[PDB]
Amino acid sequence: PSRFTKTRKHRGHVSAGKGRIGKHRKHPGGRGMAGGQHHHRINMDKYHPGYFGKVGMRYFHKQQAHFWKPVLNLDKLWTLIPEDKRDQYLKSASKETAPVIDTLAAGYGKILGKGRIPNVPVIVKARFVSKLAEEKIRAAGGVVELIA
Amino acid sequence: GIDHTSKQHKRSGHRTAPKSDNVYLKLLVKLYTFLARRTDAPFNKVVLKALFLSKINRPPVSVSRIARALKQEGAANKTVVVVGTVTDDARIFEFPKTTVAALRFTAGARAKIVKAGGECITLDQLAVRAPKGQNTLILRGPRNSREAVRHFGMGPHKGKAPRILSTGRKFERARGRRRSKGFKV
Amino acid sequence: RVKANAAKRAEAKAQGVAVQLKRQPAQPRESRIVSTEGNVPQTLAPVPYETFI
Amino acid sequence: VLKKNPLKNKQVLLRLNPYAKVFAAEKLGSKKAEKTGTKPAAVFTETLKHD
Amino acid sequence: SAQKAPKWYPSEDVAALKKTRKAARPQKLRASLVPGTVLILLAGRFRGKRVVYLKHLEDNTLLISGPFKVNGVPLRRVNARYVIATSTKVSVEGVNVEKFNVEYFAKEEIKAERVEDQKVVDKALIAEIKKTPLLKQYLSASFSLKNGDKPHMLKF
Amino acid sequence: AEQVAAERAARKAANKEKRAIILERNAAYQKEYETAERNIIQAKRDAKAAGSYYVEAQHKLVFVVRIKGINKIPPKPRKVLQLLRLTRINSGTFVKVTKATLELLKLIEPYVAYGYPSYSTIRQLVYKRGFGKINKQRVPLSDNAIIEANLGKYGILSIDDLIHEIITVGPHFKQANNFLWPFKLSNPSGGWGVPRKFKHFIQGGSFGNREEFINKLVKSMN
RNA sequence: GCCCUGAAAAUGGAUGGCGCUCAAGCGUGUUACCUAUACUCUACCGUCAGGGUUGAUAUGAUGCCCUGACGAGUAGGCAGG
RNA sequence: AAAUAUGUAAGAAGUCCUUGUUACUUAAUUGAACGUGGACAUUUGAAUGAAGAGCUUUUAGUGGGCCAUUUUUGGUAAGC
RNA sequence: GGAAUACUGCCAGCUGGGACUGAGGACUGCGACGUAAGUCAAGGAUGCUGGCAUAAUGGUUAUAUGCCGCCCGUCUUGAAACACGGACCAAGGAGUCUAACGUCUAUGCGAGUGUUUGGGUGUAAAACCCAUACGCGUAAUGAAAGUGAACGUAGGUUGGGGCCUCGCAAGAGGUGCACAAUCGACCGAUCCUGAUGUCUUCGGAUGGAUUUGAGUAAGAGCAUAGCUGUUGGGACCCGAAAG
RNA sequence: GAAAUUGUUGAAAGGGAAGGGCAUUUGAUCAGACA
Ligand SMILES: [Mg+2]
Ligand SMILES: [Mg+2]
Ligand SMILES: [Mg+2]
Ligand SMILES: [Mg+2]
Ligand SMILES: [Mg+2]
Ligand SMILES: [Mg+2]
Ligand SMILES: [Mg+2]
Ligand SMILES: [Mg+2]
Ligand SMILES: [Mg+2]
Ligand SMILES: [Mg+2]
Ligand SMILES: [Mg+2]
Ligand SMILES: [Mg+2]
Ligand SMILES: [Mg+2]
Ligand SMILES: [Mg+2]
Ligand SMILES: [Mg+2]
Ligand SMILES: [Mg+2]
Ligand SMILES: [Mg+2]
Ligand SMILES: [Mg+2]
Ligand SMILES: [Mg+2]
Ligand SMILES: [Mg+2]
Ligand SMILES: [Mg+2]
Ligand SMILES: [Mg+2]
Ligand SMILES: [Mg+2]
Ligand SMILES: [Mg+2]
Ligand SMILES: [Mg+2]
Ligand SMILES: [Mg+2]
Ligand SMILES: [Mg+2]
Ligand SMILES: [Mg+2]
Ligand SMILES: [Mg+2]
Ligand SMILES: [Mg+2]
Ligand SMILES: [Mg+2]
Ligand SMILES: [Mg+2]
Ligand SMILES: [Mg+2]
Ligand SMILES: [Mg+2]
Ligand SMILES: [Mg+2]
Ligand SMILES: [Mg+2]
Ligand SMILES: [Mg+2]
Ligand SMILES: [Mg+2]
Ligand SMILES: [Mg+2]
Ligand SMILES: [Mg+2]
Ligand SMILES: [Mg+2]
Ligand SMILES: [Mg+2]
Ligand SMILES: [Mg+2]
Ligand SMILES: [Mg+2]
Ligand SMILES: [Mg+2]
Ligand SMILES: [Mg+2]
Ligand SMILES: [Mg+2]
Ligand SMILES: [Mg+2]
Ligand SMILES: [Mg+2]
Ligand SMILES: [Mg+2]
Ligand SMILES: [Mg+2]
Ligand SMILES: [Mg+2]
Ligand SMILES: [Mg+2]
Ligand SMILES: [Mg+2]
Ligand SMILES: [Mg+2]
Ligand SMILES: [Mg+2]
Ligand SMILES: [Mg+2]
Ligand SMILES: [Mg+2]
Ligand SMILES: [Mg+2]
Ligand SMILES: [Mg+2]
Ligand SMILES: [Mg+2]
Ligand SMILES: [Mg+2]
Ligand SMILES: [Mg+2]
Ligand SMILES: [Mg+2]
Ligand SMILES: [Mg+2]
Ligand SMILES: [Mg+2]
Ligand SMILES: [Mg+2]
Ligand SMILES: [Mg+2]
Ligand SMILES: [Mg+2]
Ligand SMILES: [Mg+2]
Ligand SMILES: [Mg+2]
Numbered sequence: 002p003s004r005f006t007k008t009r010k011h012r013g014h015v016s017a018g019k020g021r022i023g024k025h026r027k028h029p030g031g032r033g034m035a036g037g038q039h040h041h042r043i044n045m046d047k048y049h050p051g052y053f054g055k056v057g058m059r060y061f062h063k064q065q066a067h068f069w070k071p072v073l074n075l076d077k078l079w080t081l082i083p084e085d086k087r088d089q090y091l092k093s094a095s096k097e098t099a100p101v102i103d104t105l106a107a108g109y110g111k112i113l114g115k116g117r118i119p120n121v122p123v124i125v126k127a128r129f130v131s132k133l134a135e136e137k138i139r140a141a142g143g144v145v146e147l148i149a
Numbered sequence: 002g003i004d005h006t007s008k009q010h011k012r013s014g015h016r017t018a019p020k021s022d023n024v025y026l027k028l029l030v031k032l033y034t035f036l037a038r039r040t041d042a043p044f045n046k047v048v049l050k051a052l053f054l055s056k057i058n059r060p061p062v063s064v065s066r067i068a069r070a071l072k073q074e075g076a077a078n079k080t081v082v083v084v085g086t087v088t089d090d091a092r093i094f095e096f097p098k099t100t101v102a103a104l105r106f107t108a109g110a111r112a113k114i115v116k117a118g119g120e121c122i123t124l125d126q127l128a129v130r131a132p133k134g135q136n137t138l139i140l141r142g143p144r145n146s147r148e149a150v151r152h153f154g155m156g157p158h159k160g161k162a163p164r165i166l167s168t169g170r171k172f173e174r175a176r177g178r179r180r181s182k183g184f185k186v
Numbered sequence: 108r109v110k111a112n113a114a115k116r117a118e119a120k121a122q123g124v125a126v127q128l129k130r131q132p133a134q135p136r137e138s139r140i141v142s143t144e145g146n147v148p149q150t151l152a153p154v155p156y157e158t159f160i
Numbered sequence: 312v313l314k315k316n317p318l319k320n321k322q323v324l325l326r327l328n329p330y331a332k333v334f335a336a337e338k339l340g341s342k343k344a345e346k347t348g349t350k351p352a353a354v355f356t357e358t359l360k361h362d
Numbered sequence: 002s003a004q005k006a007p008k009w010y011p012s013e014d015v016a017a018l019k020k021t022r023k024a025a026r027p028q029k030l031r032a033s034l035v036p037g038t039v040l041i042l043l044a045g046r047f048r049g050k051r052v053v054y055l056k057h058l059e060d061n062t063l064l065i066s067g068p069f070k071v072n073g074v075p076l077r078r079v080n081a082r083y084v085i086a087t088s089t090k091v092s093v094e095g096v097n098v099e100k101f102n103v104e105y106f107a108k109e129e130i131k132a133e134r135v136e137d138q139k140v141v142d143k144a145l146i147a148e149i150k151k152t153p154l155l156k157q158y159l160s161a162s163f164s165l166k167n168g169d170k171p172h173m174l175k176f
Numbered sequence: 023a024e025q026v027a028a029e030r031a032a033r034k035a036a037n038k039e040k041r042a043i044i045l046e047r048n049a050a051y052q053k054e055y056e057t058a059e060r061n062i063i064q065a066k067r068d069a070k071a072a073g074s075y076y077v078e079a080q081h082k083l084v085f086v087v088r089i090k091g092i093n094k095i096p097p098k099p100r101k102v103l104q105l106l107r108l109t110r111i112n113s114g115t116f117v118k119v120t121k122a123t124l125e126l127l128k129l130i131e132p133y134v135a136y137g138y139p140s141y142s143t144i145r146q147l148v149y150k151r152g153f154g155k156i157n158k159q160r161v162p163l164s165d166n167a168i169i170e171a172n173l174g175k176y177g178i179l180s181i182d183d184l185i186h187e188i189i190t191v192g193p194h195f196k197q198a199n200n201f202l203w204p205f206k207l208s209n210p211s212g213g214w215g216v217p218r219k220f221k222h223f224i225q226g227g228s229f230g231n232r233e234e235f236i237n238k239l240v241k242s243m244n
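Chains as they are written, first to last, in full-length UniProt numbering: chain A, 2 to 149; chain B, 2 to 186; chain C, 108 to 160; chain D, 312 to 362; chain E, 2 to 109, 129 to 176; chain F, 23 to 244.
Misleading hints may appear alongside valid ones.
[Unchecked claim] Cut-off 27 Å, straight-line C-alpha distance, at most; resulting in silico cross-link-like pairs (DSSO-like, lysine-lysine): (1) F/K70 <-> D/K342; (2) E/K23 <-> F/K34; (3) C/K129 <-> F/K196; (4) F/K221 <-> F/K82; (5) F/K150 <-> F/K53; (6) C/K129 <-> F/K128; (7) E/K23 <-> D/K314; (8) B/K11 <-> B/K56; (9) B/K159 <-> A/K47; (10) F/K238 <-> F/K82.
Derived by calculation from the structure, the hints in this document are not laboratory data.
Turn these sequences into a full structure, and let the hints steer you where they fit.
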């Protein structure tokens, strides 16, 4: 609010905390990103290296969502099972009746493997997997079932 | 006059109260100011300062960071003190028993904790259960995992992540970032 | 100085304690008596102005 | 609350330094030094009165 | 409310003093002040009156008299610091003066007791004064500085 | 709960013990002091007897006074005036003498007066203007208990025990000395005896080493 | 060495002024004396700092009490009002 | 070949003893580096001082300067 | 020959005059004197006496007097300036709001978080409720096709608050979060290596390298608010010559 | 029904401006406190 503001404090001081020598004028650097390559270049390299020029291929009419593919790590995985339902499967860990997890149905695209899931067998359904994501699953005796 | 060797009227620059304005915090602090004056025990002095600490300096301790500190050799029965909030960590499966004593337990946290027959304890309860802080384990959150520090230290050859909105190629990735566009950082 | 130290350190431990092995700045000198035997003070006085050139 | 000089204020004089009594008691501050009559060598005088 | 009242007030419970250490010890008089001595009154009612010193009173005041009959000044109190002690001295070994105390001058015309007291002391003094000639006249005369006097030089 | 006079006795009775110690102490320093003073006097004669000259040892202790104001001072002396704790005018501290302090003094000569202090002036400095540095603070001495409190660590449990440690430049002189807050003297009461202060002593000014003549000054300023 | 000559500019005019000649001038010595927002001691204000004290059954816990040091200020910052 | 000025050192991150690791290195279990085990405490290795040290983030004003002693360039000089 | 004196210095030797101050407010401390009971000048003034009880003391004000004192604002190395504005008085009169942001802080919840596009509802622009989605975060890295984070107690070493054990204490050991230093491990890019195999040109295991990334290594984010700061806007307020 | 600014009346000061600071005389004026 206006009353906590420092301009209230400055009232009675000529220069408004702007200095007498070098004033407060309109635009001295220029407006905007002016002089990027010239009188403000020192700032732009450091603070902003890479800013100028060009790299890589142009993509006309890229539609995002073409490339939709959210990642879920093994890291969680078990998260996708409701906590009550959950414990029931961890204990009693066998083939014959192992949980199915439609990770697409969660809303994930690929399963990466950030590591360590208990030795419980699980049937994991996904569109995509890391080479290790699988191995790890398989070491618990789960499998990966590819869907779309 | 005096050749001053040192700046005059310097403030110590350490907090003295919480900058908080919450009574309950104000009260806990009442406790430990008392407790730290009159009990020559270091743990109380430490705890008292930690209450003055501000949110940044109180990064969350997770229940999984807790379980690890009990996996500490010979440290499985001590009671973890956290002068901040405790958060749940879905990534650990077999969290242990013990006693966590904190300011705040997120719902998932306190759940996980009691689900294995633990106990969640407000610090004033911790106080009465153990004045001289006997048998405590104080844990601290990772202060420097804040996103803000990524950008601290920025400059050339520093490896430090621009302050940048919309990112991708086409966003500060050309001249000054690669030997084939002028130069590299 | 160290291996110097480490010696008189043991040499005086195996003796009877009493070490002292920090260096010390030059101390102002002590009293002393100067004899006149064979050495009476030779009085000198300032000289007058000359040139030789 | 108020520093008191010793040097004047015999009270605090005696509060520090219990010796000040006996010192004063035995006029120690005016000890009459014992008298010896050693005479200086003629070297010393000749050269004192030299040119 | 016009004003919003404090959240605190002073206790009106007045403290007692600290147990001060200040003995009223007896005032020893300057050496020139020996009974029998003629004083000069530097001030007050009988300013510049030359006057005989009689006794040191327990309230530090001086007991003097004129004698009354000589110069009009009666048995009286006088502060020792408003007085010039001279060098001239009558003998007060025959004047009783032990009667005279502080209460003797308690405020509470002239009480005839005084008028009697005053005759008795004086009669003793004039006996002595008559001994040294011109004293009586001395006493009768007022002291004043004349052009030229430097008290910081004058012997009294 | 006794203590009424019980532990009140178990202190005072033991308060006496500690004065006793001091009394036997102080009494003995005297013997030391004079019969060393006396010792030189007869040394000086005994050599005169032999025709030989007796040169007494270089002084070991000096007493320094910042004699110059605060401003327009060059950096290197400015530091040394700090390191010697003379950071304001007419304040004085004791300096143990070795080369590695001598050179300091050297460097600050045109800003200080200093010389060799008698026991008399050390005694009167400490008595009237002695203060201890105790958690900063600067506490007046005025009761020997204060000294024992902080300096007792090294022997030293009386104001005279302090003084003996100074004047004789003791083994614990660092601790002893530093324990005293830089004395704060007034200006001299006569004056400086010079028309102009900031020349050397030897040139009729006030600064530099003026040897035993420091006692006349400090005393005027005390 | 002091003094004198060498030694000429414009409104009337400056050892600061009056005036001073065994000086009230020059060189030097000895004392005393005068007085800065400085120094020493003390009170009071404020700033920073270190202690103590939640024990009810009366009145501020940001409080109450003890103690020490310090205080110049444009541009400029912050704070309490 | 000075004076002033100026780099480094004055210990626990120190000094020794015993003998593992390697793809480097050696004629070589030779050496280099990094270790394991052991021996010696504050006269633990000069002085003085220290209202403590260390570290982090953000932001103002400023980016016409001038003067003095000493060093000193141009200029006959200059309040250049 | 034997003195004296000067001079310099010492005394916890005695002693006079004068000036300013009197903070504190039960007790408590260190002492001193006493054979003693006591006493005291020892952790900050008390005793006695008098005067007015008033304009006496004190404030305010005008004037006189001693000393001192230039016009403020501004730009400037430098202004009282022979630099500029200002004859006088009242009333107006200049760092704002907004979009998006950096640091800091407070608060809510926390691997999440954000009810307010909308719906439901109401004592109707409020308050109360809420489905689906969305945004930001929870993964990085390459120009890209793409690939994607545990050798190990999520590592070794050093410092490390705190806690634990021994000890009366000093000390010794144990464990050590944050943080800091250093050596490594894992993921992508780059380069090398190219096992088992194959629709004989596909496949890319495995083990590496003075390379490299805004990475991993038991999550810290999301949202509201505020001071200060950033950009764009009439952008602190008043000003061109022009187009 | 403010100010600038003006008339009157009362008081006061004024040898080439006025106003200001510390201090006290004098005049005018006023509080508080005594009990
Ligand atoms: Mg407002
Ligand atoms: Mg704002
Ligand atoms: Mg305000
Ligand atoms: Mg301000
Ligand atoms: Mg203001
Ligand atoms: Mg300003
Ligand atoms: Mg203005
Ligand atoms: Mg500003
Ligand atoms: Mg301006
Ligand atoms: Mg400029
Ligand atoms: Mg661009
Ligand atoms: Mg991608
Ligand atoms: Mg993850
Ligand atoms: Mg990110
Ligand atoms: Mg992250
Ligand atoms: Mg008494
Ligand atoms: Mg007397
Ligand atoms: Mg008559
Ligand atoms: Mg010193
Ligand atoms: Mg004198
Ligand atoms: Mg004088
Ligand atoms: Mg004199
Ligand atoms: Mg002169
Ligand atoms: Mg003095
Ligand atoms: Mg002339
Ligand atoms: Mg003159
Ligand atoms: Mg002369
Ligand atoms: Mg004279
Ligand atoms: Mg003053
Ligand atoms: Mg200031
Ligand atoms: Mg300052
Ligand atoms: Mg050097
Ligand atoms: Mg250096
Ligand atoms: Mg050192
Ligand atoms: Mg020190
Ligand atoms: Mg310190
Ligand atoms: Mg800056
Ligand atoms: Mg800047
Ligand atoms: Mg700049
Ligand atoms: Mg200068
Ligand atoms: Mg009082
Ligand atoms: Mg008082
Ligand atoms: Mg009245
Ligand atoms: Mg009257
Ligand atoms: Mg008038
Ligand atoms: Mg006036
Ligand atoms: Mg003037
Ligand atoms: Mg201007
Ligand atoms: Mg100009
Ligand atoms: Mg101006
Ligand atoms: Mg001009
Ligand atoms: Mg202009
Ligand atoms: Mg004008
Ligand atoms: Mg207005
Ligand atoms: Mg409506
Ligand atoms: Mg509802
Ligand atoms: Mg719906
Ligand atoms: Mg996202
Ligand atoms: Mg490929
Ligand atoms: Mg290692
Ligand atoms: Mg340890
Ligand atoms: Mg270890
Ligand atoms: Mg790699
Ligand atoms: Mg690359
Ligand atoms: Mg990124
Ligand atoms: Mg802008
Ligand atoms: Mg316009
Ligand atoms: Mg136009
Ligand atoms: Mg155009
Ligand atoms: Mg009208
Ligand atoms: Mg006045």
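Unmet hints by their number, sorted upward, for this structure: Hints that this structure does not satisfy do not exist here, as all of them hold.
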